[PDB]
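Engineer: The chain contents come next:
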Amino acid sequence: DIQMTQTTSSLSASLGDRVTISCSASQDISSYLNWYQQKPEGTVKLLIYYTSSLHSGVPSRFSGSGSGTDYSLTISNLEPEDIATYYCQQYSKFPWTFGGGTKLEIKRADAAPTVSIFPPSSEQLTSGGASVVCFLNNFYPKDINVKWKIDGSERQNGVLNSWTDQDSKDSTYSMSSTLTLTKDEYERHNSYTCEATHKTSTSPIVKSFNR
Amino acid sequence: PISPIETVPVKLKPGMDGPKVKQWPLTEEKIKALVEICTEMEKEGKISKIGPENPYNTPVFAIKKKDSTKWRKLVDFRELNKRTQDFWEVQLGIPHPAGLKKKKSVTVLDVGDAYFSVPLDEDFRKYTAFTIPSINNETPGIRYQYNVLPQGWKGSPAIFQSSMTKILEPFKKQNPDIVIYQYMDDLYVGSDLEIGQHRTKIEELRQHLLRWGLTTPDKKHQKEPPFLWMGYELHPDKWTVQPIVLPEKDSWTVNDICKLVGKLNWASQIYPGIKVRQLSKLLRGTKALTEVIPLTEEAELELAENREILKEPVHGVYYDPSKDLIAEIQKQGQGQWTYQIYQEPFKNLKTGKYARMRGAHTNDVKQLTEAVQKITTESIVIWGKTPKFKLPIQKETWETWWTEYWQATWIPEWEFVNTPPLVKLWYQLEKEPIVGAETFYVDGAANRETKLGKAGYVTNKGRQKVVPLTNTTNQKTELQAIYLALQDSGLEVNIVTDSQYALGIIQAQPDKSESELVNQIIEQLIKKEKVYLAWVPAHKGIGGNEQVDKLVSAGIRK
Amino acid sequence: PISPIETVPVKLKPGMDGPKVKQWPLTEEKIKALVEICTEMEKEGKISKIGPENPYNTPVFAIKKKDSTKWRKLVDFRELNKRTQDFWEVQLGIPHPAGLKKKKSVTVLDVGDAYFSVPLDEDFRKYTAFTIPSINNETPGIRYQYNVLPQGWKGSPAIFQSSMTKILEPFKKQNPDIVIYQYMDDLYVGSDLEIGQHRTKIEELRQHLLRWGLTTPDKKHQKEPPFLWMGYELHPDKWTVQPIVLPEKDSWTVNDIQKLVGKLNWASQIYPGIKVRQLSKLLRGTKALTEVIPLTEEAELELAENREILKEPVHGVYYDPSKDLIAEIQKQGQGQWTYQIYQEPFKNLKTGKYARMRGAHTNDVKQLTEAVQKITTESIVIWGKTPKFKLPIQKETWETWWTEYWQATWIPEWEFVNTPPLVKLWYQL
Amino acid sequence: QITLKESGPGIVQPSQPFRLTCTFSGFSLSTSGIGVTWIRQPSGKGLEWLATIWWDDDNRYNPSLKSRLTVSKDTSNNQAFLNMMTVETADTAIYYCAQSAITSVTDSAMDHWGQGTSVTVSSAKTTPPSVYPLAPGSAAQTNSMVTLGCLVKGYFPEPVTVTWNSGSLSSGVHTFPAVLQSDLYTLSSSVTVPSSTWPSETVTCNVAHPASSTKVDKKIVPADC
DNA sequence: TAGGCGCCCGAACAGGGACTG
DNA sequence: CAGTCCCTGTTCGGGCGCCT
Ligand SMILES: [Mg+2]
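Residue numbers (the entry's author numbering), protein chains in the order written: chain L, 1 to 211; chain A, 1 to 558; chain B, 1 to 429; chain H, 1 to 225.
It cannot be assumed that every hint is accurate.
The calculated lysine-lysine pairs, modelled on DSBU-like cross-linking and capped at a C-alpha distance of 30 Å, are [said to hold, decoys possible]:
hint : chain 1 : residue 1 : chain 2 : residue 2
1    : B       : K64       : A       : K172
2    : H       : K218      : L       : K207
3    : B       : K287      : A       : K527
4    : A       : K530      : A       : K331
5    : B       : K126      : A       : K395
Some chain B residues well away from chain A (every beta-carbon gap over 12 Å; in silico) [unchecked claim]:
hint : residue
6    : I37
7    : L100
8    : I180
9    : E396
Think of the hints as simulated: they come from the structure by calculation, not from any bench.
In this text, a Cβ means the ideal position worked out from N, Cα and C, and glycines have one as well.
Please model the complete structure; the sequences and the hints are all you need to start from.
Structural biologist: Shown next as structure tokens:
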């Protein structure tokens with residue numbers, strides 16, 4: 001139960017840069033820390049063993065530092081693969097433990113969530129059911145909020161969401177959000193509003209409709 | 001009765017025969033006295049009349065105990081012992097109350113006719129043969145041999161102890177939760193039982209020895225604290241040492257001192273801090289044994305200061321496992337040292353004192369170190385564990401000692417107790433030659449065949465000095481040179497010798513010695529603010545030396 | 001009566017009696033152990049109680065091996081070992097594997113019990129008696145003696161050599177590539193295989209042994225951090241000789257000259273081609289140490305010359321297996337120690353420097369003993385004989401804890417010396 | 001030349017057990033340092049240590065679960081096993097088996113990793129997805145772009161393959177990771193194309209669900225009202 | 001008196017290092 | 001070097017003190 005903590009969760013950067021990630025322990029682990037890289041796919045590889053020894057076949061642009069309870073990982077100058085999730089594992093005392101990992105992202109000029117909202121497909125309704133799908137695409141950075149105002153009135157009973165990973169090509173995010181209400185309750189109202197609160201425009205981005 | 005205990009086989013020293021030592025005639029007054037006694041022992045089993053073929057004989061006379069006006073038998077086994085093979089004594093040290101643990105119930109016993117209760121090797125009795133002379137030049141006296149352990153014979157003690165141990169052997173295995181401290185013919189028994197079952201056991205024990213010949217007479221302490229054991233008094237909660245009567249006589253002769261000093265030592269084991277170095281030396285010299293001697297004041301304050309502490313009543317406590325140990329050291333006069341070992345605040349377990357000087361030129365870390373060594377061992381022996389220390393010497397002083405010294409050393413876990421006089425080296429050599437001082441090149445020499453020799457130096461500034469000495473040798477002269485330079489020099493200086501001897505002595509950071517020369521050479525060092533010594537192979541050509549050499553070599557031979 | 005194999009006779013060197021040495025205090029923790037391993041050895045009847053009648057004695061103590069976490073009894077049979085020798089050395093000694101040193105991996109097996117199955121000469125038993133103390137001297141000494149070859153007595157391996165050679169015939173012909181040496185209670189095994197492949201062959205020899213009664217200890221390998229068990233194997237290669245080296249300054253004060261002259265002089269005894277005149281002349285008259293002497297071109301000629309001399313194999317140094325072995329140790333600094341092993345003065349056969357065990361707890365005592373052990377080990381492998389040590393420490397200090405840190409089946413012979421920094425000579429830098 | 005592959009059951013009913021098998025080549029589980037470690041990694045969260053079976057059989061378990069864990073090894077076949085008893089939903093995750101090894105006095109790391117197996121706990125019966133189009137309504141188009149979506153709702157188990165126009169359309173496409181709904185999966189896909197192409201040119205949603213051996217195409221027809 | 005241990009002292013002891021002829 | 005003195009460390013033996 002030697003808690004391992006990587007304070008920095010989601011950190012974004014850019015090619016050629018130099019970065020440092022911290023793995024704070026929970027007691028003098030006397031340099032028995034290991035660093036793991038988990039690419040977007042999922043494969044996991046061994047970077048540094050013994051807090052500062054590079055695993056065979058690892059790019060020199062990789063460095064390890066740390067002592068007692070505070071330890072750091074530093075990537076020389078970013079290449080396009082480096083941008084991945086990172087883990088540090090301790091082995092001074094079973095049970096072994098890993099940090100919380102730090103996702104190393106990609107800094108892109110900030111852009112806004114293209115909103116799109118849809119009606120319950122005739123079919124979905126035919127069988128007795130209705131969901132409002134609302135798309136928020138290619139916005140930046142990640143953090144974002146959604147609100148479901150029906151007939152001016154808000155609701156959260158039936159809201160589901162899903163966030164995509166950073167798109168490797170155009171470094172942006174997307175996000176599906178679905179309001180699942182029944183049929184009798186859909187055919188018992190008129191206004192349905194999706195609301196998007198992104199750090200780009202003080203005014204919440206909104207798009208809606210009325211059956 | 002007599003024991004069924006297998007007899008322990010004893011032989012005689014290699015290539016020796018038994019004792020054939022004539023008997024001195026005695027008074028009919030003593031003879032018929034003995035006859036009562038032996039007859040008695042004969043009927044008791046302890047001895048038996050022997051035949052003529054037996055050639056051996058050891059002396060035997062009788063003496064009176066003025067109080068009872070009764071007679072007692074005494075055999076002179078001196079020669080037998082001289083001849084008796086040697087054993088490997090088993091008693092390996094005397095137990096100490098400080099090692100006992102509080103026990104619900106405690107009992108102590110003793111055994112009667114301890115020796116006269118153990119068989120003597122059948123094959124060895126013929127040598128304990130003795131004669132008890134006839135009243136007059138008539139028929140041969142009465143011959144007797146021993147069947148049990150004779151008193152005053154080399155073997156008796158170790159054999160009886162071994163025996164006794166074998167006897168308790170099975171009993172302890174059956175009552176593993178009862179401690180019995182067997183010391184010769186005495187048993188201390190203690191347990192955490194109820195005052196009733198205890199006896200139910202203790203009884204079981206007496207009936208166990210009786211089965212084995214061991215008579216446990218009625219001279220046993222039961223629920224009778226103070227228990228008088230090993231010379232101490234055992235109290236339910238604490239323990240004292242049976243009072244000590246310090247000799248206060250009018251005039252003092254050597255011998256009479258020994259009786260004091262020793263007694264005092266015996267006292268140091270419990271009476272906090274005791275000095276004895278004072279009157280200790282009084283005896284020093286090739287003194288006699290009856291010769292009178294005057295008590296100095298440097299020897300008088302001792303007695304006075306001592307008697308003081310010993311006058312105030314004190315007591316010790318018992319050991320408690322869980323609560324680890326503690327030994328606190330305190331500095332004392334020159335040579336003396338004191339310590340109390342304890343586990344609670346100020347409830348001493350035991351106390352003692354250190355005064356031996358290992359070496360001629362020594363300092364005060366060394367001794368402290370030495371004191372810790374001896375305190376440790378002395379615990380291991382009583383508790384089978386090492387203690388934690390509280391010493392008058394800051395981590396700083398130590399951290400520097402053991403690092404710079406070339407001899408390896410260490411001290412177990414310890415903290416620093418602030419209570420002077422404190423311990424800390426007084427001087428300190430230099431690592432690098434200092435600039436702002438003359439480099440004094442020292443040396444000295446002597447001729448054995450004469451007892452004479454000179455010693456002096458040559459500074460870089462052409463200075464010079466050469467005192468001649470008598471009754472001294474090379475080693476002292478070279479140690480002499482170094483003395484000058486440490487007077488005939490500022491507060492900073494570089495000295496250069498060729499004697500590892502003198503060099504060594506010094507690096508060791510001595511801070512006290514036997515000879516004055518090196519007590520003064522010390523004084524100059526504590527006085528100066530910066531010194532540095534270097535060494536060079538005399539007779540090699542190295543410049544700065546040649547000078548001093550020739551200068552002091554006015555008498556290189558003959 | 002353990003075995004019906006015939007008892008081989010042994011008689012101590014003439015005009016010498018058995019060992020009459022006293023028992024040093026023992027710590028509970030140890031007594032408790034020594035009592036058990038002693039109780040249970042007596043039942044099996046390998047040992048026998050005995051009393052005052054036996055005029056001899058030796059000391060015992062036990063060490064909780066950090067190797068296997070199982071106490072081991074230890075009997076200091078050095079005196080006895082000494083008093084009996086026409087026997088184990090001259091008469092029936094056990095040969096040395098020139099190449100055991102020439103391997104990359106070697107392990108030591110504690111084949112002690114292997115001895116507990118051969119009767120010790122009845123007549124000779126009295127000599128191996130020992131005693132067990134009791135805390136606070138509660139009861140007298142409980143003392144025994146051996147009936148079977150005792151652990152750690154020069155004689156055992158000597159006797160058991162017939163049966164120990166046999167036990168190995170198979171393994172040695174089924175793996176000729178491996179080397180096997182037996183020094184007292186241990187078996188030295190070294191291979192050229194991958195470490196993982198060595199570990200195996202060892203663990204395999206352990207079995208073959210078992211297929212014969214010889215039970216060998218259960219060394220543990222922990223899975224938490226300091227994988228100490230990772231060093232159980234020895235490597236006769238990181239074994240590098242340590243030659244003396246002369247400083248390298250740009251400019252030399254007077255002081256710095258003298259010292260460098262001494263060293264060069266001392267070292268002159270080892271290697272003879274060391275001249276100093278051409279370099280000492282520069283210090284011709286009484287001058288302040290601190291004075292920067294410029295090195296002559298006639299001077300710096302030999303400084304850089306003699307130094308070239310301090311990097312080769314000494315003056316035709318031969319090891320004579322018929323003479324003792326001596327080793328010196330100089331406490332250098334902050335964990336470092338150095339040694340030299342010689343048979344004749346200034347004619348060393350080896351010179352080196354034991355670095356340090358990170359868990360040396362900043363204890364000189366600990367480190368010193370460890371150096372002794374370490375140094376001892378090398379000896380046995382290389383020449384197959386233990387060296388007499390000249391320990392840099394106070395008898396009364398060493399004698400107080402050397403045990404606490406001791407972790408070996410044998411015990412070397414030692415003495416104490418207070419010999420200060422002769423010349424940084426046995427080099428620090 | 002070293003590799004491990006986790007074998008599994010992929011899907012386990014609640015309160016039942018599962019046995020993961022790691023099959024490796026390249027090292028023996030007989031050689032000193034060696035051992036095999038079982039890591040875990042729930043949906044979205046980070047790595048978790050689970051157990052390490054060593055060559056000396058001195059196995060170590062994660063205290064939180066020892067009661068439902070066990071490790072084994074068929075040394076001769078280079079296989080390593082992990083069993084879990086009475087599994088619950090929270091056990092749904094990806095399991096990795098790595099070749100942990102102890103090189104030297106200070107170095108002990110998980111040198112090589114597997115790829116993992118997807119073990120998920122659900123008491124659901126493989127049922128095909130019901131698909132629905134996403135055509136914008138009252139906000140009917142202008143001379144620019146437009147986004148069309150697809151809805152795959154109520155299937156089991158993962159995964160689903162979604163493509164647009166039979167693989168024609170692949171630029172402005174977004175298929176969102178699915179989510180659980182009444183213990184049933186549900187996801188959405190969004191395609192964005194210039195109005196100059198829709199509804200003028202047919203745009204269809206391609207949905208494939210291996211498990212139920214179904215494939216359905218949905219024509220994004222513009223809304224009527 | 002015997003055996004044990006402790007203290008304190010002075011003597012014969014052993015070994016290294018330096019000197020001399 | 002071979003024969004000798006200096007010096008320091010350790011062992012031993014004697015008194016005593018205490019115990020049984
Ligand atoms: Mg001189």
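Engineer: Looking back at the numbered hints, which does the structure fail to meet, lowest number first?
Structural biologist: 5, 9
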